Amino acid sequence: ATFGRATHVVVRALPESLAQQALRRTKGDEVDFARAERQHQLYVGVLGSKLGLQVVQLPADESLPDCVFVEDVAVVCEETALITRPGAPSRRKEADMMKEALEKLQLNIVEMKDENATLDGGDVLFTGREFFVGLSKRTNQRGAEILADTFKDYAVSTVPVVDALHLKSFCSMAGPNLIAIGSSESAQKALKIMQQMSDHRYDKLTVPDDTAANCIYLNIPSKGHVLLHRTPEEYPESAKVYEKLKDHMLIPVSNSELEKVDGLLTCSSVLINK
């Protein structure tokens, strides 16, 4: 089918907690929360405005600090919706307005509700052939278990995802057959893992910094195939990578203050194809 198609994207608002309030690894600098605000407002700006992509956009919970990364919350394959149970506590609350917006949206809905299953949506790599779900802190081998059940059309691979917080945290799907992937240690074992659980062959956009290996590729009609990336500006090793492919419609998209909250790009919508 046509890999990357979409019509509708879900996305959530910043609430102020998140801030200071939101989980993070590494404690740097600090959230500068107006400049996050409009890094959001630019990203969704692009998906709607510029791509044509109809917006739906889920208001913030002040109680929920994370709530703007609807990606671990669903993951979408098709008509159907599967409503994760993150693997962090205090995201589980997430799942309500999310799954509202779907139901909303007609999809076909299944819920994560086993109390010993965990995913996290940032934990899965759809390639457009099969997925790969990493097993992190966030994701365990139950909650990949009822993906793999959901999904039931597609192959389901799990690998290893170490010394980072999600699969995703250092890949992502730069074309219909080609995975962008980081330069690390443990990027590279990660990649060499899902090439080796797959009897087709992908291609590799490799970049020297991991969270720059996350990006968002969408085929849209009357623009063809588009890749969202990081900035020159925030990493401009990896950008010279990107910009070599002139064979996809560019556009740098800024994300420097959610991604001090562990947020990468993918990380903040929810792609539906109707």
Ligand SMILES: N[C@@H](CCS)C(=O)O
Second form
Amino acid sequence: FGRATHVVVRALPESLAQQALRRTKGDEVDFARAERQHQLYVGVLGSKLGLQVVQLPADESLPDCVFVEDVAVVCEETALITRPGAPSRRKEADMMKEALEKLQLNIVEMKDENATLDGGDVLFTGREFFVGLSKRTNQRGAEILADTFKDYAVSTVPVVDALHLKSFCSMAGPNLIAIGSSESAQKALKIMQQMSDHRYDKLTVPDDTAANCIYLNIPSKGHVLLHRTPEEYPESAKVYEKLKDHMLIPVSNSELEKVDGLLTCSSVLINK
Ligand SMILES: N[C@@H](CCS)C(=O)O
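If the one shown is the form solved without this ligand, what is the structure of the form solved in complex with this ligand?
The next block holds the full complex; its first chain is the one shown before.
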């Protein structure tokens, strides 16, 4: 669990600043800063952690194309190309499908026109899958996901007051689920633990979105964790900083969060 050899990312289109979908309309995006933040992210994955990076080009007609996580779910040697809940993001699947074909993965496409699924609503613990039913992912989409990864149990969780299931959680370790403290995040957590016969440890943070981090097990480095910075979320950073059992890597993501993109959203990890 957590091992990876390759990673797919995609460049930010200039259209993202003003045209990317977003639930809140607060501070406007500083595109130059967004690009800098993406460079650091890609730099850590490729140089520091040694992953082979596949950098897809931006497409101005797809303002949200940087968020590759929502277009594919990878489990072992099989990749499910999703059918995004947002119509404006459907075409993002094309280039992703091509990149994953080239990485030699077995490809399964979600073709049902009554099914939608955002990869961001999928939490794979290494033992099973939790899929959020949100405005982006419906029951049919979750059913197809279960049909694709038959060797794993797949359980649904309602997503409330957030874009995706992973807008408030992610894996921080082999048996560790990072989770937010909001009423909604905790309700979802209780449901996941109720649906699963396995007992997971939790890493609870006060800021829901800071519960989204990237966990990787890299040879020569060990258990690695990319998490949000003290500057962005001081109180959540304090929780991560206590962790002496992970190599901690604070990565800024403030600009993309303005369009609901968190850390896991900007990449699709593959273990070849
Ligand atoms: N702005 C993107 C964020 C995906 S994590 C969307 O709404 O789909």
